[PDB]
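J.: The chain contents come next:
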Amino acid sequence: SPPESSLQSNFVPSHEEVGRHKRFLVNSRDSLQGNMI
Amino acid sequence: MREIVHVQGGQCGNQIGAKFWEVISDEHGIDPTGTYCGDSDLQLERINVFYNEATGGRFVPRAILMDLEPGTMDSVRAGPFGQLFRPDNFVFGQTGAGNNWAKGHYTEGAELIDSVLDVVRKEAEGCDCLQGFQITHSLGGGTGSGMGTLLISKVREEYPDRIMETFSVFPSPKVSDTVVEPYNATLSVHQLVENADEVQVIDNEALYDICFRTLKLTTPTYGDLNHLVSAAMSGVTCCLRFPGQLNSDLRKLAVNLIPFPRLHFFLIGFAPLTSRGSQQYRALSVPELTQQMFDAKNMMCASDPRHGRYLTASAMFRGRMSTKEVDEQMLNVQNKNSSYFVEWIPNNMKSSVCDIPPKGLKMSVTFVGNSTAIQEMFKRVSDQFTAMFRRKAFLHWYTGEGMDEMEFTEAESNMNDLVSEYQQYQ
Amino acid sequence: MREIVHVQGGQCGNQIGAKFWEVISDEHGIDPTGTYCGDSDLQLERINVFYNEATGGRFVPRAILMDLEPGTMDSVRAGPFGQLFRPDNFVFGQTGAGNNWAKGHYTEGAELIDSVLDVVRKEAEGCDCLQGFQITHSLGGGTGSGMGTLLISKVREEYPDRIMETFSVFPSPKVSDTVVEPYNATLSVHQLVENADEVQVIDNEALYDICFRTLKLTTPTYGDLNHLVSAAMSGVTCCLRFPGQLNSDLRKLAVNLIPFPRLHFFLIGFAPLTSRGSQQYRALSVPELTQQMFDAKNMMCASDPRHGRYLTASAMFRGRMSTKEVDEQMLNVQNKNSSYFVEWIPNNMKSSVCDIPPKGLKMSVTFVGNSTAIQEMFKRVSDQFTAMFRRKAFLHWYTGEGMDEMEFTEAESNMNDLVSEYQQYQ
Amino acid sequence: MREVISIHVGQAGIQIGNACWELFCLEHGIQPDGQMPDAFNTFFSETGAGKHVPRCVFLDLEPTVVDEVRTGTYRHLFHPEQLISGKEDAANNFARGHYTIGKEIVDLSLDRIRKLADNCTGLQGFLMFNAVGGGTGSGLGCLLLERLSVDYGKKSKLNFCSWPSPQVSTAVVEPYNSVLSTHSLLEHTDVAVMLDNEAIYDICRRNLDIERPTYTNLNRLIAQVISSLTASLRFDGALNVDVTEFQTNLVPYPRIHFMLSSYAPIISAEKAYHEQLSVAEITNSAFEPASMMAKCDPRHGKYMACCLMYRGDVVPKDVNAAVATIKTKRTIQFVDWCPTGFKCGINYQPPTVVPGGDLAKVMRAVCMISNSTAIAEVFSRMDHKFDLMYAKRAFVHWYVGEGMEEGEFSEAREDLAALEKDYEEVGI
Amino acid sequence: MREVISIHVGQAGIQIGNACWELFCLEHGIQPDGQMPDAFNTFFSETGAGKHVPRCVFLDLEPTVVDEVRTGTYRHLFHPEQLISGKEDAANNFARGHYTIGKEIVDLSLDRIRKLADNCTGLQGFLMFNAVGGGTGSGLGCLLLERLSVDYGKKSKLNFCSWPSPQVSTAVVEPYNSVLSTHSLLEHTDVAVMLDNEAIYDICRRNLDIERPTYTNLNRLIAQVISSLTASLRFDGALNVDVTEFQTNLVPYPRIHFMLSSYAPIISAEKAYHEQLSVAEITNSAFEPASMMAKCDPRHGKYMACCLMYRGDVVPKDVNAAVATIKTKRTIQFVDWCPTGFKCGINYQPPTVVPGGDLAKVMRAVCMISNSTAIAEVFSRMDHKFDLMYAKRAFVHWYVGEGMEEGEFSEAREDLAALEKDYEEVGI
Ligand SMILES: Nc1nc2c(ncn2[C@@H]2O[C@H](COP(=O)(O)OP(=O)(O)OP(=O)(O)O)[C@@H](O)[C@H]2O)c(=O)[nH]1
Ligand SMILES: Nc1nc2c(ncn2[C@@H]2O[C@H](COP(=O)(O)OP(=O)(O)OP(=O)(O)O)[C@@H](O)[C@H]2O)c(=O)[nH]1
Ligand SMILES: Nc1nc2c(ncn2[C@@H]2O[C@H](COP(=O)(O)OP(=O)(O)O)[C@@H](O)[C@H]2O)c(=O)[nH]1
Ligand SMILES: Nc1nc2c(ncn2[C@@H]2O[C@H](COP(=O)(O)OP(=O)(O)O)[C@@H](O)[C@H]2O)c(=O)[nH]1
Ligand SMILES: [Mg+2]
Ligand SMILES: [Mg+2]
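Residue numbers (the entry's author numbering), protein chains in the order written: chain P, 536 to 572; chain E1, 1 to 426; chain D7, 1 to 426; chain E2, 1 to 37, 47 to 437; chain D8, 1 to 37, 47 to 437.
Mixed in with the good hints, there may be bad ones.
As the list claims (entries may be wrong) - Residues from chain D8 that keep clear of chain P, each with C-beta distances beyond 12 Å, as calculated: (1) 49; (2) 78; (3) 87; (4) 228; (5) 245; (6) 246; (7) 322; (8) 339; (9) 367; (10) 426; (11) 427.
As the list claims (entries may be wrong) - Simulated pairs of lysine to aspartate or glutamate, DMTMM-like, Cα-Cα distance not exceeding 25 Å: (12) 336 (chain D7) to 158 (chain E1); (13) 324 (chain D7) to 128 (chain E1); (14) 174 (chain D7) to 118 (chain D7).
These are calculated hints, taken from the structure and not from any lab test.
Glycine included, C-beta positions come from ideal geometry on N, C-alpha and C.
Kindly produce the complete structure, drawing on both the sequences and the hints.
T.: Quick look at the structure:
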């Protein structure tokens, strides 16, 4: 088997690439105009 | 119609500009997936000022993410409203400017400035004619100051007749971060004073002082300081997005705040501002809207305007309200504070009515004012820059990355001349 | 009515035309077993231009599968849409050309070209009247460059007045494979310049440039790049199969691109081309189509048109679209980019409207342009050829097949006078 | 994308390196096989089924510590020629490191570095660990830095070299080995960070009340330091600190890059059950001279620059309140030409505790690296006990008879004397 | 239709045919009886009911290595008369091996090479594996190459000649045998490739880390070379390279047909799963000067052509990306009359590892055959060794009285110096 086509007839790529992340640790923040809890 | 072009540079600009697109998507009823909800005429009758219809029905922001390291680009797309932006608006560096001016301005910001003007021209020439450029970045670091302001140099050459609106966050006097700050700050200031049509100043000392006294939070983070800048930056552009009894725009601010083009530095205020302890106890009306807004505690610069003199100023009133109590109260604040207002200018105030109030409130105001009290943090930058430069400390980076020495002597002399010309009008 | 005969040679050509007969099968509703699907009258009103009715219900291609080695033709047949082609339209070689123009053109290209002339005479004379030929091959190899171009020669003599429209892929100069490329490149140009009516240049690093910058493909295979140029092959012939408000033809391209018979070398662009991380973000309109098409990033020839002058150009649009914007956009780019558009021709470029767009897209555009920037591509192939022929390298595989040195110098002369002829029009 | 190469020369580098990489394996989740039951990229590579092999070389001229790593637990984590070994020890000699044994091992060493660097662009720099008192840690450690400057010119090169004590040195010819290593690393090292063994012994005795720990317990505490330096390179945080501003914020002059460190909190589980861990007091502990990392008193030294690396659940508000407290504090004095004196970097990941170790699970920590004028005294005591033994030709016949000539001692003597004059001139 | 004929002479040729056909039987599914439980048509011919039969001749005048093959496991696979045996050893003698004792075995060998190459037209070429230092490898190899040149002149003549090393020569009269053999290797051999023993000795010593390797492990590496040689000929690929492509892309002058070889990766199981052996990490090791399989140092030579063949799941994106960094590095250099020097072949099927051998199951591999000006050095010390021992008539009486004449040595001396004058004439 040769490698398959990675483009549809719509002429766009077929599979995504997961971006190189940074080990996202979230931060809980919200303020002003009610400013939560 | 008109088109505000936003550019979002540096680590600091990428967080304060992301929170900006959280609240403008709030004001226009935009979902984080790009669609629309809310069912109102007033949310999208003027939507081309900040958004583009992308033939998927979504409203992509006309804002470009711009940094020399993908650490901040990773964060702004992982969180909420990161799906709103286009990945082609993101421009990536890989090396990173380690808070050095020549690092971003001469060596490795030179090869990414060709790619980022390609995306500026992609969205500028795609419309008929735009209204202005809105430049948020950081002068304390490197990728915001040096790599940021050569963009300011280049787009002014291509579009000299358009307005040049910059919101720059300054080094702060009390907190000591990014220890080579006075080199980055001074080398950006003298070059943007001949280049930017008008500049507004944000300092993290003043945003902390707001959370000390007016918001009375206990643990304010950077996201809380972001929405302080973001609520003010929404308010300064609200009349271009919404109707009103008295319409205005950014060059209305420019013609009504700038008697001389060398002096174009402003202070920002924003009222009302309380926590829930005073949300139901304070009469939301025109007296304390104007009177909190003329307070040093509410100022977003680390300056006391009581020290200086208000040369010119403007107020951006938002919401359905009585209009006498807007402008006659600014006549009373001029009569009571006649010593605080400059003597050869009668009616220092520009006013406008932006009849759609912001979300969650019914009355608000945004301050943009040219005060000669903005001299004082140029003085403390001058004192600490010449403290580092009289014995040439931390200089070998700024020499070895292709940048000369008399470029620094003209940098100090230009800003000293800017300080001296603010004295003669006080 | 008319018929365009695809003649498809070299191991590059057979696998770049397998993807060509996949896209015109998809656009025309051809099941790979041969039967029609999709029950649309516009989708089969013009079939006789590329397919012939088989009196068994199927639509056999008018394709001339051509190679000197029996391997790539077996892989094309074994793949999908490879059982569409007539088995007798394949012509088989048993020895092959070893990237050798001598055995490609003279010795091993002679005993097989008598069978190719038999099959191309059989299908063409069976038609009522021809429209042209579509020569797709490679110049960096042995069989496509060797007797694909001798096939170009003799059907030009035997058919003197028809159209000969060739998609030839030049050798990739930056990252060069098949080390004796400039012998097969330069010395097949000077033969082809008096025997080809219309030429389009394809470069492999340009095909990698559009896969990297505009498609952001992580792993681009040959199937991707053969699929991208088949967008050009279908977009250039859209009006041959489909109606339009303004019509065209390959003859229209001939009469509206060359003011002189020698300058038939063209560049090719295709728009739109975006990833699906930015497909929902793409506003798809006529002004955004033309400006993204008019970039060296998008053009599938590896020559910079900013260093040259577009002497003549053309733009086939596709899709239901307004016909004031099918010209006011080119008045915008001619007035803005007048430095890149030559003066002694007024209004350098034409357009036509095809009504059916490619499937999945509502509008598209292909571009065939006679730009004088190709002088930097022939002179760049020149400095490898004159350096490798000065010191007599790899020449005994050439002179040892009924051959001498005189037409190598004639190749240098007949190509550098094409370089110098493009010199006088920049 | 991002990657950093760690080089460990000498058996001091070996023992600091095995504990440094066992924390990284427990920090990202690498089993002793190199599998993950994505910040590994900045310290661990990839090769298919989770195989996250390390990006570090291990130089030693003698095999007696390297091949017992091969025999030990971490066999298949490390690539086998990343562990590079000779046959004979340099045995406390600068000449034995350079000219007789090191010339035959440095060709294979740069062969492995070149293959391990050209795998992907994005190399921030090299982290050097060595012993200046030793033979291969100072001699071969010099010649690696000579061959790294000639090819990898513009790349950053951090340094963490174990300076000997005024008292605990366990050698006699470390006066020769150390000051010949200075003539190496004034002009080849970009940022030099100083270490000292009794300055880790007195932290283990006082801050954890551990009366009999060993060399390996020193190596956990320093492993926590290097992991905190690369905290922002791997994990996310509010203020990113990569390697390029360890030098442009802490090095004011190219010949002034010798600098100090400190770590806090170093608190056991039996003391963390009573003391509250606030950001204000962990940085107050990092400013105490008794909590210092290389035994250099900063009362007579004058802080030119500093860096703070907060790691954990540190809110930026009390970062700025605590650092304003030390400007008010008079006993930590700073320089008049550097009024601002601080670069702050916040990372959200808490410090990773090793079970069976010495530390507990704390929610916040500081890694402070400060360039101060106090580094003048650590070389002035080097002045006094070098001239006290060089004056009567003691231990000189080993050096002169083994390739290196007399006179290189005198120019390296004038080199560190010039370093003394530079630190006195900048400290006015 | 398509077939290739291998030819082996000498004891070295016989066991180098045993390794390359232990491998080719193991990848084509060929049991030692030949029964499958159309890509095989190059090396095996369909005979009867599902039997595949070797396409070669095994040639040796001494029976001591060949009749032990016909009593072995592969004895019902091979045809009996394809293995042709003599009666007496040539005994390091060009005079006997060409003239005296080698003339009664050529009539059987040319009968079988006719009966094997006449079954189908379109024969792809002949391969030759000879021992240069041997007696029948040099003598019989020369004369039958002469007779196959007059019979089949227009067919390819591949050769992988096993040359004596500068220090490893395992005999005494290698100056006579090799210089006499290269007089005719120059004139009627279309392709020559040097396989020096000590170079492949070193490669097994450091890459595969076997410090007692034997001629078996030497022979497996050549088997991997010939497998990735004709991988494109046997199986399909992204870009085919034919055997005719070799001379058209590596031989710019008919006299210069002497090229090099290199195989990478040759990693061992233990060291295998420890590197992402990527289309680059493996093409950098293929171009490494010490990874040479004939110990011709190319840093003092100029590359005049190079052919790379990839074998596995190789995308050509990083083929072009990695070969660009090969082109840009200045430690490699090309002669200016070949601005490009690269012919690439791609085969989809990965190489197959032999059980119990010394390689590992590797997904992608590179074999690289480069023509260079650095062939002048293997003939330059050949000049030194021949004249140093021809000076005083050593071993001359074994050649003069056994068929040749005094003066063959002078002209074989002369035309090798003509090869040197021709190589330096390219070398400006
Ligand atoms: N902190 C720490 N210091 C060590 C360690 N091992 C050795 N040292 C220091 O190194 C000095 C002795 O030199 P070594 O490192 O053992 O020798 P070397 O640098 O490998 O060079 P050679 O003497 O040739 O083996 C001692 O005085 C210690 O200060 C260790 O595991 N941890
Ligand atoms: N590459 C390779 N060469 C070998 C091998 N075995 C022997 N040789 C070469 O063969 C040479 C000696 O000749 P032999 O092959 O033993 O004997 P021969 O070719 O039959 O010729 P005679 O010496 O007359 O018996 C040595 O110089 C080696 O270089 C092997 O396993 N691999
Ligand atoms: N206004 C504002 N300032 C910030 C924010 N985050 C950090 N800062 C300030 O910016 C300085 C660091 O800037 P830096 O990120 O290095 O700028 P960069 O070079 O553009 O990345 C610190 O002194 C902070 O006080 C923010 O979210 N808003
Ligand atoms: N665009 C394109 N180029 C190809 C393709 N296949 C091979 N090539 C290029 O063609 C050159 C080899 O010529 P080739 O077609 O194989 O020789 P030929 O079949 O005898 O003409 C190589 O440099 C490849 O880069 C293909 O499918 N598409
Ligand atoms: Mg030693
Ligand atoms: Mg022999």
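J.: Hint by hint, note whether the structure agrees.
T.: Hint by hint, here is what the structure shows:
no.	hint	in the structure
1	49	20 Å, holds
2	78	38 Å, holds
3	87	34 Å, holds
4	228	33 Å, holds
5	245	8 Å, violated
6	246	9 Å, violated
7	322	8 Å, violated
8	339	31 Å, holds
9	367	31 Å, holds
10	426	51 Å, holds
11	427	48 Å, holds
12	336 (chain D7) to 158 (chain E1)	13 Å, holds
13	324 (chain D7) to 128 (chain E1)	16 Å, holds
14	174 (chain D7) to 118 (chain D7)	39 Å, violated
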